[PDB]
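If you want the building blocks of each chain, they are given just below.
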Amino acid sequence: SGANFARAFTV
Amino acid sequence: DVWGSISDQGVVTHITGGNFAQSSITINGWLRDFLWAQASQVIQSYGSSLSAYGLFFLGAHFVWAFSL
Amino acid sequence: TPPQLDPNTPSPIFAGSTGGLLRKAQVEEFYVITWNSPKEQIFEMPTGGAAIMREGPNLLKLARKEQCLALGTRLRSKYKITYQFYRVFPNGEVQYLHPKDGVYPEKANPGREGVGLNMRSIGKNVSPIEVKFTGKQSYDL
Amino acid sequence: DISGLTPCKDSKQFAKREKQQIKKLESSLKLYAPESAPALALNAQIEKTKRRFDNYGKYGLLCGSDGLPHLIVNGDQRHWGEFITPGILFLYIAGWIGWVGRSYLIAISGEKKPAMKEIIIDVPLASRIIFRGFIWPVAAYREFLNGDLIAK
Amino acid sequence: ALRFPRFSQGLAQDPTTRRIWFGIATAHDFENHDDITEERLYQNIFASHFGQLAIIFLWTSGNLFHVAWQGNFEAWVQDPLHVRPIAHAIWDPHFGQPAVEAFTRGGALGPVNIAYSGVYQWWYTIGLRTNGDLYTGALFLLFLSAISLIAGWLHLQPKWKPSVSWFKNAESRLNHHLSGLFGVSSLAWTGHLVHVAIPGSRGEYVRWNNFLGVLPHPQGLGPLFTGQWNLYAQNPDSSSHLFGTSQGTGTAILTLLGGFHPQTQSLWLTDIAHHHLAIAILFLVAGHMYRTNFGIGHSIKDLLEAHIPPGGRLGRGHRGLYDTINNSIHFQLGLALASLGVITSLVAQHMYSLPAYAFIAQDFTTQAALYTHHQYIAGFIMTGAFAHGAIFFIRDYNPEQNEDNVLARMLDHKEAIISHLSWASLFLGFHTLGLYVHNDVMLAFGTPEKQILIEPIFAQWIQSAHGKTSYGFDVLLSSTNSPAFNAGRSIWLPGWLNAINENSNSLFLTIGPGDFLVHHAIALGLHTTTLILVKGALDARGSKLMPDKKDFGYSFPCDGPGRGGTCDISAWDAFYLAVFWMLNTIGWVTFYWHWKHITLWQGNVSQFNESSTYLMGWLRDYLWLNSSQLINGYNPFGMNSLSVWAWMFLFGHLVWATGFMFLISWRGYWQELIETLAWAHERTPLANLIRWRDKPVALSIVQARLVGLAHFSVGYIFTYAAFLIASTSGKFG
Amino acid sequence: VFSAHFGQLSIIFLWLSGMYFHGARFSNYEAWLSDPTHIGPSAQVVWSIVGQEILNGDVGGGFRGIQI
Amino acid sequence: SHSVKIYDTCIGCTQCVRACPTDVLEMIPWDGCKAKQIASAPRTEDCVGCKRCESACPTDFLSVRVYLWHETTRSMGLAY
Amino acid sequence: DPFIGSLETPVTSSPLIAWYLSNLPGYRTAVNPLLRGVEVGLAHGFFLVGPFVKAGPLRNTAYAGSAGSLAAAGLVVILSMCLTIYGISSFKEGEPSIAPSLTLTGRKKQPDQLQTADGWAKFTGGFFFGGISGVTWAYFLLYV
Ligand code: CLA
Ligand code: CLA
Ligand code: CLA
Ligand code: CLA
Ligand code: CLA
Ligand code: CLA
Ligand SMILES: CC1=C(/C=C/C(C)=C/C=C/C(C)=C/C=C/C=C(C)/C=C/C=C(C)/C=C/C2=C(C)CCCC2(C)C)C(C)(C)CCC1
Ligand code: SF4
Ligand code: SF4
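Residue numbers (the deposited numbering), protein chains in the order written: chain B, 111 to 121; chain H, 615 to 682; chain U, 64 to 204; chain V, 68 to 219; chain E, 2 to 734; chain C, 70 to 137; chain L, 2 to 81; chain Y, 130 to 273.
Heads up, some of the hints might be wrong.
[To be verified] When the alpha-carbon atoms are kept at most 25 Å apart in a straight line, the in silico DMTMM-like pairs for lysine to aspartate or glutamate are as follows:
| hint | chain 1 | residue 1 | chain 2 | residue 2 |
| --- | --- | --- | --- | --- |
| 1 | U | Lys199 | E | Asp35 |
| 2 | L | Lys37 | U | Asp164 |
| 3 | U | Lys163 | L | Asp32 |
| 4 | U | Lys163 | L | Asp47 |
| 5 | E | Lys696 | Y | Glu168 |
| 6 | Y | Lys183 | E | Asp93 |
| 7 | Y | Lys221 | U | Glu91 |
| 8 | U | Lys195 | E | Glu39 |
| 9 | V | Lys79 | E | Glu611 |
| 10 | V | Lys184 | C | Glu99 |
| 11 | E | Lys696 | L | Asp47 |
| 12 | V | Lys79 | E | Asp272 |
| 13 | V | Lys115 | C | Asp127 |
| 14 | V | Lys83 | V | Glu102 |
| 15 | U | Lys195 | E | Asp405 |
| 16 | V | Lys219 | E | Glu416 |
| 17 | V | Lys117 | C | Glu122 |
| 18 | E | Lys451 | V | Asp68 |
| 19 | V | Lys86 | E | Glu611 |
| 20 | U | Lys170 | L | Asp32 |
| 21 | V | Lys91 | C | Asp127 |
| 22 | U | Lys87 | U | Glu129 |
| 23 | V | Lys90 | E | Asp569 |
| 24 | L | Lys6 | E | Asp35 |
| 25 | U | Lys187 | E | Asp397 |
| 26 | V | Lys125 | V | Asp77 |
| 27 | U | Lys87 | Y | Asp130 |
| 28 | U | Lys195 | E | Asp30 |
| 29 | L | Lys6 | E | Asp569 |
| 30 | V | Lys91 | E | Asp622 |
[Claimed, not checked] What follows is a set of in silico ranges between Cβ atoms, one per label pair, in the way DEER data are often shown:
| hint | chain 1 | residue 1 | chain 2 | residue 2 | range |
| --- | --- | --- | --- | --- | --- |
| 31 | E | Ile115 | Y | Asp247 | 20 to 28 Å |
| 32 | V | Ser95 | E | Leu510 | 38 to 46 Å |
| 33 | E | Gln333 | V | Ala182 | 46 to 54 Å |
| 34 | Y | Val273 | E | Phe144 | 54 to 62 Å |
| 35 | V | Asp68 | E | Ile463 | 13 to 21 Å |
| 36 | E | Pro310 | V | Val140 | 36 to 44 Å |
FYI, nobody ran anything at the bench for these hints, they're computed from the structure.
Backbone N, C-alpha and C define an ideal beta-carbon position, used for all residues, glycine too.
Please work from the sequences and hints to get the whole structure.
This is the structure:
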């Protein structure tokens, strides 16, 4: 679930 | 009269205490126990994760006043 | 033209409706429209529904002048039929109403008097202060 | 200093509010794993809050009694950038827009049916007109002196 | 000529039900009556004035008598701070036992009504101490009403009927009103204050029986005629004086102390007497300006004709304005209404910061009610001024006789005025709404420090100039050394500075970033209402959509669906639209005042200063927070004395919601419904023996608009009054 | 009418595909599957542009996002 | 009964006569224009105030004007 | 006649319904209005007595019957006043009656005398007397 949230904050 | 919480012992505590049967027979009861009491969470949501709901609450009022 | 009469003309075939005459017909007045149809055909009543008009002379009763004129103009536009309507009082007096000169008003005919003609532009009327404290009105002059 | 105000780098309510916000963020930070993405996001939020407070302190604003900064539109020389410096900038940009639009209208007044050019813009002439607004004050002043700004 | 509307045959001929409505509506419009002339109109106006005076006098007599009979004035005067005034008794067959038990307040033996009008303090200050005085006043006002009615009937008689030329004698009327109506009345009130009120404040009872055997000042009239007037100010009242008794008193009757009485926080009576004396002297001197039968004075027409600027920048100037003003009554009505509205607003703004009645600053509900009432009256009057100006432009304006004077030049360039008013309103609304929404969003996201807060520098500088030292500026009166401070220090500054620099009173309250936005909103409301009214007044004679608007009259429904459709095109519709904006602006002003003063009274002023910068603050910390006690007037568990206020709250809500009927739905649907209902009634048995006399028809368009507006106003007023009174009475602070 | 119906069907299918892709990519469905009673569903994540990141409430299961 | 007045700006296009739903207007010969005819309103007492005649009138401002006045059973359009 | 604003339906024109409606006191013609008014008032008062004595503010006390009967009497008085006002305002003194003078068959009949000043006055007096009598009779029957 962490990766899905991190997908928005990649930049 | 339906939703609520249940304990291990077995008693049921409803959300609003089951006051619909005695307070909903007057217009004052609908204005005070329903509109006034249940709007606390909408207006006191500033600074929290539900602020967009308060913003839309105010925006809808603005649009309703605009329509006149 | 001499006004005509409507002695014993029959009526179209109808089943009845609640948009007919009322107490005003017994008290004040009503209107009677007469025309002539070459064939038995179905038309639509101003009050509501559909009726059938017979061949020969046809006569109908209505409550207001607008209904008579609307039915007559529908007849003129769609069926190409001439028509004429009168006004009837409770006392039995009959007054001829539609074309008084025998010609429809849309066409000019000599022998017609001018009524309510102002020989000036609409912007030459006097101000209301000029006509104050008297019964006359600015546009009446 | 002015109207009984306190400099924003000396007041205490500013620091108290900063501490309250930082503690509120750190309360939610503890819930997640330190290496997880939400932890990185919350750390970024904390860094942004600290930078914003430091910049506000260093910029020479004036907090009030309750602890928030107050803007001065009076005209004092120590607050040139509070209202007056941005405002002029706005006018410039704003004037640009207006000027450009006016020019385009005149550029389509010659033709017989300008409505077609109003509802369907053309790009070449508009692109020619767009960059003429960079010097709008000079052209506007010259037109005002000449007298072509006002219809007769 | 035969039916009820005897003053109009056209309204009597038609058989529908609109005859009754329009007969009631146009009873006072004396210009449209058939066979009317100038003399009859003027005489009817005179008689109506007399009737109105009689009604006012009867009203005040009834108030006095009821307070005397069913009140507790005698028990109140002894303990002003711990007794609730009583208006009148309550008798009601519908009342239950708990209602009788709960409404018994004060020292009475039954239900009563607490008086929030504030007449108790006024009557106490002017020098009334027992119920005999109130009964005497009631009898006197009854006599005044009777003589007013008698005079009206007498002047309607053929023998004592005045002529038109008498009514147009402007100079004599102005002289008598400026000298006799104003100056002499102020002189007589000064006499009363010197003779009765001031001695009654020091314990001496002066009445009709023995006012000849007492001396208001031990010296007498000697100083006044000698020239040493200063003897009337030698011994002022001490700072420890107690109202209504003879402890720590003085003998002066005319002073210039300034400030407030220490115990009662009200203005000194000597200052009031001195002010009235000076005003009376000024009016008496100024009332001899105009020419009359004695061969000296000024002529108004020559004064007007001579004020024309060389160079023709104003055109013909003021030539021909005298006859225009004199021959038209709507011009006079508009001027009078505008002046009265400005004066009413001045009264509302002054009576809350410089109270003149004893023990009125400690009564919060009375202050709030009086302020709100006077502001609403002022708003209505100001709207009426523009309405009558538009009526004048429609009816009484003669274009030929006012050529090239100021009125013609005004009609020439309406477009510029309208455009600039529109620009100002757009600017103010755009930026005020933007700032409010930005602050609201910044608070919503959880970061208050990113707010936009602008200090009202100019107003704070004004307050510092007046003598306030709470900001830091040292200008004029604030500075220790200054020509103004030196000039005024010896007379009134010592008291004025002490009064203004305290924190309890309401004189020049401290202001911050919250007041800036509210003041700008008030300015926006004023500008928009002025735009609407001015457009309606100027476009009355004609426009491009309909260039012959003067022929149809002041009020007419529309001009058909042609030319794109023309609804609400008359000036009456402009007034009907401007009423809403007037109500909205007055509501904003009253909300601001009430919240500021309630936060001040409750003890903490930080709540307003921190929650007035965003709209959710107004919605949550003002209405929702303060409605808690009001909505709990009656509940399933029981009820208390606040029940009637909750009932009136709901009543106002219902009326306001009912107004939407007439304001939204229009005529045709209802006319068809009436058609069907008429058929149904005519076709039923045992009920067709009864027949109607007037054919039922639906209401007209203008009538429906008027009814909807009336419902809107009634609901608005009642709801706000109930909320204000209940919320301020619940906490009494 | 036939062509308009086909266009409407295409729009509906696109909307359904978007909902499914949001459920697949930015969601905590797998966390909710194991413990459904104590986890609030969420399938929308807000960017961090202005200060709107406070809209990413803690629904549960090691995730932050708008509850659906 | 309302008041219908015809001014001299008319050009005789016969539109107002056709538009009337109650047969109020008519046309008479004239000599002040090219069409050599003008309008007239004899049967004014039948007018209902619908203002359809004013909707179909080509002129800078209308050459036929209807002013509303005292109402009655015929002009109000009551069928009962 | 189809063009009259009415319809012929089983309920409107039925033998049973017409017979029942033609026997009511308000629809007789040859009878002087006083007796019909008396009958109508008796029926209306006896009907009206009930709800006031049953649902009034004093229904739970020992004063139910008297208060209800007094309220019914007040309602009867107000109705009589309304009838008198309508009769004064509608019909004139010397003018003949305005009732229809021919029936469905077309046979001429004497116009009803109710639609006249004197006839309506007699009807109102009879209604008042009958209403008072019915109210007092209902009170006597209920609580004796
Ligand atoms: C094209 C440029 C343009 C210009 C130069 C003006 C100029 C003016 N406007 Mg107008 N106006 C415009 C467009 C324009 N307007 C549009 C599109 C509208 C409809 C929304 C209005 C509606 C309007 C009102 C309601 C009022 C004015 C007024 C005014 C005057 C006062 C300034 C102000 O209040 O602005 C007001 C500005 C606005 C409310 C919005 C303008 C912003 C538009 C969108 C920008 C122009 C963009 C355009 C699409 C560019 C195309 C060119 C491109 C193809 C190359 C001033 C003469 C005021 C007045 O009368 O003063 C005497 C006033 O009351 N204007
Ligand atoms: C001026 C306004 C005024 C008003 C608003 C009231 C109001 C009231 N009166 Mg008071 N009263 C007044 C003057 C007034 N009074 C005067 C002058 C007297 C001396 C006769 C009294 C003596 C009085 C008594 C003896 C009683 C009341 C009572 C009452 C209450 C019930 C109403 C009623 O029964 O009327 C009663 C009214 C009267 C018998 C006569 C007053 C009528 C005067 C003569 C004229 C009013 C005219 C009016 C302005 C019409 C103008 C029309 C214009 C708009 C076109 C009510 C609070 C009753 C109460 O105590 O209930 C709790 C009651 O018992 N009043
Ligand atoms: C010197 C004698 C004289 C006097 C006393 C008056 C007085 C008056 N005339 Mg005038 N008049 C005169 C000469 C005089 N006239 C002459 C010679 C002519 C012929 C040219 C006229 C022509 C004339 C006409 C044609 C009419 C009058 C009218 C009136 C009345 C005005 C209405 C009203 O009461 O307002 C009250 C006025 C005042 C009290 C002034 C105060 C206003 C300021 C703003 C007060 C500020 C308020 C202050 C704080 C008060 C506190 C409130 C309190 C509750 C605490 C009043 C009786 C009108 C009328 O009513 O007739 C019956 C009217 O129709 N007059
Ligand atoms: C100083 C006194 C004053 C005077 C003498 C006049 C004089 C005049 N006015 Mg002006 N006017 C005034 C103040 C005044 N006005 C004010 C303050 C306003 C702003 C509201 C106006 C706005 C105005 C308008 C808009 C109009 C006039 C018109 C008129 C003329 C006709 C009067 C009439 O027919 O109304 C008689 C009116 C009524 C009896 C019916 C209305 C009553 C209201 C709606 C009652 C509200 C209901 C009530 C409060 C319910 C309470 C319920 C309870 C639960 C509380 C008359 C010459 C009319 C005109 O056309 O003149 C040429 C016109 O249309 N006036
Ligand atoms: C609260 C609702 C409301 C609002 C906001 C307005 C607003 C306004 N009134 Mg209206 N009015 C109302 C109710 C309201 N009225 C009612 C109940 C009546 C009684 C019938 C009237 C009667 C009335 C009259 C008689 C007049 C006005 C006029 C005006 C304007 C005054 C100038 C100004 O304030 O500009 C401030 C501008 C704004 C606050 C408008 C909102 C700006 C929006 C939010 C910006 C767009 C942003 C965003 C991107 C939107 C995108 C949309 C989305 C689909 C993409 C303004 C448009 C006056 C006028 O026209 O002056 C020129 C005038 O003549 N009003
Ligand atoms: C907010 C209040 C409101 C109210 C009360 C009404 C009321 C009503 N509407 Mg309206 N309406 C409204 C707003 C409102 N409307 C709005 C906003 C719109 C949108 C434009 C409409 C549009 C509309 C339409 C399109 C229609 C109606 C119709 C109806 C009627 C339905 C029949 C009935 O229930 O009446 C009975 C009365 C009530 C429920 C109101 C309360 C009365 C209580 C019992 C108090 C009685 C008190 C007592 C008698 C007082 C006497 C004392 C006195 C002598 C001093 C009724 C008159 C319908 C209709 O006319 O068909 C029948 C219909 O066709 N309305
Ligand atoms: C439509 C019309 C009309 C109407 C109008 C109006 C309604 C108006 C209004 C107006 C207004 C409503 C105005 C107002 C004004 C005001 C002013 C002008 C003020 C001033 C002030 C001052 C100047 C002050 C000063 C001061 C100060 C600030 C402080 C202290 C000191 C002193 C005193 C110096 C008429 C009738 C004419 C007729 C025609 C048409
Ligand atoms: S429509 Fe107008 S222009 Fe044409 S004939 Fe009639 S009045 Fe004349
Ligand atoms: S208003 Fe209507 S009815 Fe009257 S003349 Fe014109 S078209 Fe005919």
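Violated hints - listed by number, lowest first: Result: hints 5, 10, 12, 14, 23 and 31 break, sorted rising.
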